[PDB]
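Here is how the chains run, residue by residue.
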Amino acid sequence: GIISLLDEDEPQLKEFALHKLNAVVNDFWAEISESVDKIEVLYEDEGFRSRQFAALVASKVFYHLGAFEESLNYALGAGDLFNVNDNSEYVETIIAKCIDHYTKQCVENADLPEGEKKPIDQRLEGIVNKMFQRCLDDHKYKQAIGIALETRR
Amino acid sequence: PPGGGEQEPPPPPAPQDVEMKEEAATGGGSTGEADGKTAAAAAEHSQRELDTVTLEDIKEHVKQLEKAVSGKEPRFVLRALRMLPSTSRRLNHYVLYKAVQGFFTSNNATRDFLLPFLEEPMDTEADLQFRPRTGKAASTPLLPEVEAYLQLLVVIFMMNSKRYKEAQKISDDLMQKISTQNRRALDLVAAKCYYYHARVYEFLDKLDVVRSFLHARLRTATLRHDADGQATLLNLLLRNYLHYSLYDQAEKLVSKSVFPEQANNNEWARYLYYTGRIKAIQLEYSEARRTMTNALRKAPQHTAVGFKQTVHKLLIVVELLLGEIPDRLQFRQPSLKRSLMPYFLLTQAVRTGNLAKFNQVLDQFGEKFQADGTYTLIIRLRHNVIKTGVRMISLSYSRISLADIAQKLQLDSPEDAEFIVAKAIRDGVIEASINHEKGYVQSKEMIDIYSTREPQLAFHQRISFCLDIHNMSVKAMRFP
Amino acid sequence: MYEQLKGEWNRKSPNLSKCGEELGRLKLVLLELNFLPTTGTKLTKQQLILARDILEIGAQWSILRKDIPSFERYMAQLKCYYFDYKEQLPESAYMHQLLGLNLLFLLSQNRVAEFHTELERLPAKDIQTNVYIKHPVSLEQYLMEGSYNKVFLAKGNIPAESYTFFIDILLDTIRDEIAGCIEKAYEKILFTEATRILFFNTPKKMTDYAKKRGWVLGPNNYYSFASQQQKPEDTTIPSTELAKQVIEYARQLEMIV
Amino acid sequence: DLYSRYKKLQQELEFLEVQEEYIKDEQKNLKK
Amino acid sequence: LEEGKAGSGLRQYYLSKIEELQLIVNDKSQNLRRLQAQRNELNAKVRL
Amino acid sequence: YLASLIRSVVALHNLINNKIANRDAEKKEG
Amino acid sequence: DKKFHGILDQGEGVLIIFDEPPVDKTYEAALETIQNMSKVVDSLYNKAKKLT
Amino acid sequence: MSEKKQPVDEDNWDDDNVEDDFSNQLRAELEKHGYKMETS
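Residue numbers (the deposited numbering), protein chains in the order written: chain U, 7 to 159; chain V, 18 to 497; chain d, 1 to 257; chain D, 39 to 70; chain C, 11 to 58; chain Z, 261 to 290; chain X, 371 to 422; chain e, 1 to 9, 40 to 70.
To be clear, the hints were calculated from the coordinates, so they are not data collected in a lab.
Ideal Cβ positions, reconstructed from N, Cα and C, are used throughout, including at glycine.
What you were told as hints is all true, and nothing was included just to trick you.
Here are the simulated SDA-like pairs of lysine to any residue, each with C-alpha atoms no more than 25 Å apart in a straight line:
# : chain 1 : residue 1 : chain 2 : residue 2
1 : d       : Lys79     : U       : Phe22
2 : X       : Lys420    : V       : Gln279
3 : d       : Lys79     : U       : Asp43
Examples of chain C residues toward chain U, derived with CB under 10 Å:
#  : residue
4  : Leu11
5  : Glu12
6  : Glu13
7  : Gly14
8  : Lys15
9  : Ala16
10 : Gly17
11 : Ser18
12 : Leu20
13 : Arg21
14 : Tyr24
Chain U with its partners taken away, still in its complex shape:
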């Protein structure tokens, strides 16, 4: 019942609250489900500069209750802290949502055929060639041509 600690508008209590969460979030994944409305207070707060990290804990609760595309929306505005973590499983699940959203947008862009372009976030197209640098550095040529067929561009 630490949810009541979020009522205070003072920032330094929030970093100690999330410091508790992210460690035990594995066991408390069920507890974060009721923190939705009170996390948005921090995410929509202008004086709260951790909203990049607050978008991650907002993606964990929605992933717990069955929401997926909404977690991908928060992944956009989550800043560089979201795309800097390549570790374990969480990297391959987000790129499966992001690159599929990227490759279905590029096919849509080729149907314009020119002009009246849809908005393309620099973060979703930015990790394309960024993670593609891991290919040429790994020297494996077989899938180096595969990304070009994926994005179609």
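Given the structure of chain U, go ahead and fit chains V, d, D, C, Z, X and e onto it with the hints provided.
Just chains V, d, D, C, Z, X and e now, kept in the frame of chain U:
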């Protein structure tokens, strides 16, 4: 000595025959079954493994005894090796070591020496393919051995099993990941060992950290590979998160899903009993009575013996709070009889409205209720019986006076009777009108439910229930 | 080391300024060890036992200040202290009644669900021991009588302690039930018969009832006219929706087909 | 190369997906 | 590769998951193809 | 009422007999 | 004795005769379902025998 | 099951369902109903 000495040699060949061919025919058979097709799974040997392990869990496990030295554990765990068809030589070497027990002086390699033995499939260089067979080699020797329960220094070997088999979990998550179909075969094996996880801790201390380790395997099975896997993990949750506080009751809302599809059969039938006791603490009776009734009728096959009987005992507990229950000896079993005797006469005092008889049952039979933890209802069941007593009278009579039903139900006073009938109307229990002067209660027959209304409206749920089974039969027909 | 901390526990506080000063001193404790997850070396949980007693009296200060969100904040903290994975802790004092303060306050707001789940800290020993817990479970028993009478007789002697604030809210949630519970449906109940439950002599509460209920104000009596009430038919309209039920029902017969 | 076949394999996937309405529409006609 | 040969397998897993899903739908078609050819042969039986 | 009564037993004819003949061929073959 | 179909009125003293309430569709339904209970129970032997 | 939690923790029997309703209510009863003869 000569009589008992000559009778020692014959038995050990029996584990050298059937127990050999247990994992020789199934394991050697599941080899090609897990190399391809692999549809689903199926891999029926994993379900045949349910007909072995559970059969071995009585006799013989790996051991026994049997008047052997318990050398079957090191035998199959060494010299995997393996390679192309020479794996038969490994089974041939398993036959070669059978004479070692019968000829030379037999030595027990279990326990202390089992620590490097579980590393041998990795040390044999290499496995090289099936972790479930080595998971079986890290379980079937050790997990059926847990049934000894000596509690001294071998529990950490049961923990060492949960260690090196967590190294099999390391090979479970890292290896494959693409059309595995071994995980679905392991979902039966990973289930069991995760149950033995919970069981071994219960003898020492309930697991605080494994609760966090449970959500690990729980959440990671979604969405990548989940078939029957998260259900068994959700069973681990609702099992212990019930017996231990707190908040775990309402947790079922965000987890479900269901999780579909319910597997395997009776395995999900008991799950409705788990959440059944939960929803019983939510005080909602109607959803609790249907999930408890469905828990008995969906549960095959037993015997033996009281494992299904004891779970059925506490299952009809929700019927005590329903207010409508018959005598429960129609559910009695000669084995469950002796255990249900303090719980038997309880419901016999529920059918009656006597306080002196009901309070005497709580005093003498309250000792048996301490192990069940059912004391939550005994305070609210007094209000349940007074509703059954007034329903018995209100259904038997057109008009019922408050003064005549006062002492008959021994409410003893007119004022609290006005409070009960008021709350009875609030709960929709009674339709009786009341004429207050002294006062008295004058009711009338309730009718117009008739024919054209209730039966045809209920038949909307009956046919919608039946027409779905038409699809259930077609779906089940499409697999063959 | 550190402190002074418990020195303000015995004197409590004259006003809310010292209560905020103790909360400000508690902030330094929340900055270092916070609430969790330090196992230790369980000696690092000793100041948590010292932190409990001041959070125990903080809930006593929260009902003194009447603030609801703070009251459930001190309770939920202490709720997780005993819920913590280490169950061996030294015994405290204020732990007893504060488990009942939020228990009785939650009974005043009528929620039945969270009432019994708060006693699940020691559910088996509820009826067995802890007379402080025995009073509310016997108090809820009287609410089903209903009481009214028996509650006020048990309201004569209570330890309590601090329940005085909550039994006043327990009034209002019972007081508005005299209008709700007794009817529907009774015919006519005499003047002084309703006064027997309401006590007082001729309060303005029953006068407010004559306004609110409406219902009826009769001489030396009260009436339920007219009649008993509203005379439900209930309706001849549902014949419409019965034809609506056949729509999808005949459609389900065509789905097979 | 693995993305190559990854772009090859959904053909017969979708080719059998249109083979679903192939039979289902054919068999109901022939049924009538 | 990291894009990649670990991710592309998950990409190939989706197709193989749908391929098995399609095979399930195909297995539902295959035995249903027999119900056609059967009745189609029975449609020749009334003509026989 | 009849639509409720017929679909109940028609199911008993359809559901039972299908399960019978199915498992007789399915499991006895393999 | 079924020789007379009707009902009396004790208060106002009027004897009412009604032959109305037939039994036709109902016993022809439930009684056949009671027999259908012997179809599944007797088939339960076939079920459990082939499987295990 | 035998898996998971549960392993850790005419006849007169059929008529006994109804027969116990006789135990707590109205005995059988002969004597009392036989005493009601000369009562009124």
